[PDB]
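Given as structure tokens, the chain that follows is alone and in the form deposited without the partner chain.
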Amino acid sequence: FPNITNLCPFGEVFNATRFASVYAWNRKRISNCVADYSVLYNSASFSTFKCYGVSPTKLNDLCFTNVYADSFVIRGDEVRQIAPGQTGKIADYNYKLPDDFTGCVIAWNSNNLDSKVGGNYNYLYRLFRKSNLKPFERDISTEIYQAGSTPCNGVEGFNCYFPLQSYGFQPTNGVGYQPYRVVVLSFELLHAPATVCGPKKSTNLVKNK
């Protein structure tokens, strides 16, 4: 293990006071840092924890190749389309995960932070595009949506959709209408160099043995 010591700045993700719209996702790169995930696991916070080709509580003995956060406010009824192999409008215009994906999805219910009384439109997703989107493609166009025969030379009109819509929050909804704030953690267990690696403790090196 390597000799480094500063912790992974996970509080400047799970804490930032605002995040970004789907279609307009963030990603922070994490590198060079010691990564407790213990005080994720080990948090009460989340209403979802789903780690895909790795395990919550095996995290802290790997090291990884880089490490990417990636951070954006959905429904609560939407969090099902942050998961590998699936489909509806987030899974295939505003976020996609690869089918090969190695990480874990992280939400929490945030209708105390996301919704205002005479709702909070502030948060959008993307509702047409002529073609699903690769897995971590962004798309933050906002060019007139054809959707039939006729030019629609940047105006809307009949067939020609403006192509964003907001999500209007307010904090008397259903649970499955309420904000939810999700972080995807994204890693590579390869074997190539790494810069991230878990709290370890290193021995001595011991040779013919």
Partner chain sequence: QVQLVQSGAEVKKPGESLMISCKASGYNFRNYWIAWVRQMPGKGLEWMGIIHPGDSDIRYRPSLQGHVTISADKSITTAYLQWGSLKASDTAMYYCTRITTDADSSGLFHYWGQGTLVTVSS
Contents of the next structure:
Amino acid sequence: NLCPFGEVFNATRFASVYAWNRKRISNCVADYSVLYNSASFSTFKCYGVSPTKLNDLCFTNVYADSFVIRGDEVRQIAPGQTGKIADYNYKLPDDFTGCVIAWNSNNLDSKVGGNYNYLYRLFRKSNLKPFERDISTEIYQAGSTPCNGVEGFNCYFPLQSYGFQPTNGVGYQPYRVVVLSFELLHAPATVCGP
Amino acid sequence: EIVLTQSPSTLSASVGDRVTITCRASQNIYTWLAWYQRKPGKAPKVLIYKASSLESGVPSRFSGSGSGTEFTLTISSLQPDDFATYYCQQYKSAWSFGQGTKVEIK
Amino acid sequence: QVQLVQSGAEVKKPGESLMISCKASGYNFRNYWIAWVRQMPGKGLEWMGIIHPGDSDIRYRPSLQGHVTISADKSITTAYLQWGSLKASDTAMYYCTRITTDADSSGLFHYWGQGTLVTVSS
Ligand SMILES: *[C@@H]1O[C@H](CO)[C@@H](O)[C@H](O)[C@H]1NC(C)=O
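The form deposited with the partner chain bound is what I want next, because the block you gave corresponds to the form deposited without the partner chain; please supply it.
Once more the chain from above appears, this time first in line as the rest of the complex follows.
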């Protein structure tokens, strides 16, 4: 067979960052070369494993987690980096093995008048430990006055809506991001290259 | 869809007078308002952008102020080249212009 | 200096085919959005569509999705507006504007062409 990268890259729907979509890929043959030589990807940055050296070296199972961020926020998808997205929405561990493929999607994910489908978390009381998602939409308490769950003074909505337009700045165009992550366990190497 | 209003629709003064033009928004536009000057039968020219920034080459008499939903255009000293019509165009969500305000001599 | 020059005014019969051009010079035609704005008599300024040469990305308003067609020819650096079939309500003043792009914004109509009156009558 072949590893099913078609329905994760060319998919028609990408999830927001506060609910980044996770897909477990295993028990297939890897063809990462097509990923590297496509030349349609704006950014393709790989840590731990060299892009030309991952074709032969293989693992047990990979996780492809995809989302949509701003253009200027794609620098934050990297180990040991700060910011709103890298702290409250998607944080990678310092010991990272997978890597990031981000390509512009201004002709798909941006619509004139404001594409408000994509959201990102802005406020929360604690930082994110690596590789997990929080979906809870409870109004957090900014001050010392309890808001009793209802929204009001000193208690803000954690989520904020992206406004994506085709005429935004090149640093604000909606970038579709996929992240590959590899793990080592006692399981045999199911996914390997040709 | 965002609709904007200008007050007053018509306003005339003399040379050297202080002219204040108010543009009001239906919803919140932060500061994404630009002010244009249009001569009759000519293409409009941008005067203020970001609601407070002067464009290169425009005389410093024009000034922009305000934020949120209340915006103000102020002309420090009216001069013969200032007589034209003005549009306040927002670009936060989708480009939309006001009804325009026409000024003339008194 | 950025210069946009359009064609002269047209007077056409309804149902015909009309193409109105706008030539752009003074900048790199392949890296700046150009938008078409229509000012019908008795109405305020109102955009119709945008086109970005280089990506061939053309977007119209929801109302005018299948009535007008925008096109570009980067060899000559002109932007074309064509009607499949002119109607009686298409009489207006048509502008071509080069959008100066600002972050977190819909872009600013910065430089305008001289405009072109189009009149439809029998
Ligand atoms: C689907 O995605 C692959 C990359 O994995 C790409 O090579 C291919 O061109 C895409 N399909 C189409 C029809 O473009």
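We call the rigid core whatever largest set of C-alpha positions still superposes within 1.5 Å between the two forms. Positions refer to the first chain, counted from 1.
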item: Threshold 2 Å Cα movement between these two forms at residue 191, rigid core reference; value: yes
